[PDB]
Amino acid sequence: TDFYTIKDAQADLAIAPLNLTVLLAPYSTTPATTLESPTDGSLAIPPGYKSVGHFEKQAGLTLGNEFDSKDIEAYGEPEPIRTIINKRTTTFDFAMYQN
Amino acid sequence: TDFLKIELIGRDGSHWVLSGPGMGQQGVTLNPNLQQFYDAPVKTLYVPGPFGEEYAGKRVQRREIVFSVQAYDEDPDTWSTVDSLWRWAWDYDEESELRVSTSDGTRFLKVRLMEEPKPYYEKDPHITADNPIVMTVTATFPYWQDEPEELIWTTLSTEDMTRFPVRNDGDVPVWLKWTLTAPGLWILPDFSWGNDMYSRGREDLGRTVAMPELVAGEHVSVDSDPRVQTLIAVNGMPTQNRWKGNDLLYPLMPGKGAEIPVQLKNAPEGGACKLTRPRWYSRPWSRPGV
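First to last, the protein sequences are chains M and n. Mapped onto PDB author numbering, the consecutive letters of the first sequence carry residue numbers 2 to 100. Mapped onto PDB author numbering, the consecutive letters of the second sequence carry residue numbers 2 to 291.
Hints listed in this document are in silico derivations from the structure and should not be mistaken for laboratory results. All C-beta atoms, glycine included, are put in the ideal place defined by N, C-alpha and C. Honestly, I wouldn't trust all of these hints.
If the Cβ cut is set under 10 Å, some of the chain n residues that face chain M in the computed set are [unchecked claim]:
no., residue
1, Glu-123
2, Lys-124
3, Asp-125
4, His-127
5, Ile-128
6, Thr-129
Generate the whole structure from the sequences, applying the supplied hints.
The structure is reproduced here in C-alpha cells:
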C-alpha cells in the first residue's frame, strides 16, 4: 500500500470556526441537550440562552484542558506501569466588547 | 586516592578493596560519609566542683561505624553473586578485619555486624544491578591495631636473666602478654612507667612481680589485659591460687619504653619466655609522636 493511501487524509474534516458565538443562560434554564432542531435539523437554541454579543478577534476564544495525573509504578519495573487521570478541568476565556 | 587504601577481610577470608588503588575490582566500592571511623569515641566524666564541674577521668566507648557500599556489575546475575559474597563476608558472632593503609603503615580494626544490613533501593535491585548496602558495624575494641610485636628468649641455664626492649609508639597504653614455659620460677617486670593509677607511680618504677613456682607441664600465659585472667595454666591447674594477692597492674604508657628485665631461676631444663606487645592506635593513620 502506498503512503498516500495509508495516510487517507481528508481536508474536508478540517473545520474552521469562521463565526463563533457564546450564549449564557441562568442556572434555572433547562440545559441544552443538543442544538439540532428535531423537525428540520436546523440550529435551535433553547429558550433562556442569551448571546454575549461581539467579542475580541485577536484574543479569540481559548479552551483550556488541564489534566491531573498520577504515576503508578511497580516494584519490579523501572518505568511507571500505569498513569491515572484523576480529573480533567475545562475552562474557556474570551474578551467581550458589549456592555 | 593513592594516599589511603581501605580493605576488608571477611570472616571467610575474602579480600575486598573498598577505597584507594584497586577499589571496585571485587565489585564493591565505599560510599562517602562514614561515621565514627577516625577517632576512638572517648567520653569524659565530670563531678560537681567549686567553679562548675571538675574533670573526673575519661572512658573510651566502643565504635559504632555506620557506612555504605555499592555492589555493582553490568549483569544482574553477577551482581547477585557479588551481593551474596559481600553478605557472606560479615557476621555478628565472629569479627572481620578492616584495614586502612597509608604512608603511616597499615592499621586494622576488628568489626562485627551490629544489626542487619539495609540493602538495595526502593525497587527490586536486579533492575539497576548497582545497589547500596548500609552497614552498621561495631568495634568492641575501639582502637586501631597493628600486628603485635613478639620477642622470644630461650635459655638452657638453671638461672638466667634477660632484657626485653619495649616501647609504646602509640597514643594509648597497651597491656603486655607473657608466655612462660615450665618448670621454674619466673620474675617479670610490672613497671608503672610513672602511672599514678594506684598512687605508686614512682614507688613502682622498677617493680618486679615473682610468679609462683611452676611444676612440670604447667606452662602459663600471663596476660596483663584486664579483659582476661592474668595467670592461665595450660593444663588447668589453679596457678593463680598460689600467688598471694599479687598481680600485674600497670600497662605500657604511651611514649615510654626500656629494657625490662625478665629473670628465671630454679629451671632444671632451662626455660622459654615469649613477650607480646600490642600496637594500639586511636586513629587509622597518625604520624609518630614522642
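The hints, checked one at a time:
no., hint, in the structure
1, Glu-123, "holds, 8 Å"
2, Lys-124, "holds, 6 Å"
3, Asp-125, "holds, 5 Å"
4, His-127, "holds, 8 Å"
5, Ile-128, "holds, 5 Å"
6, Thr-129, "holds, 8 Å"
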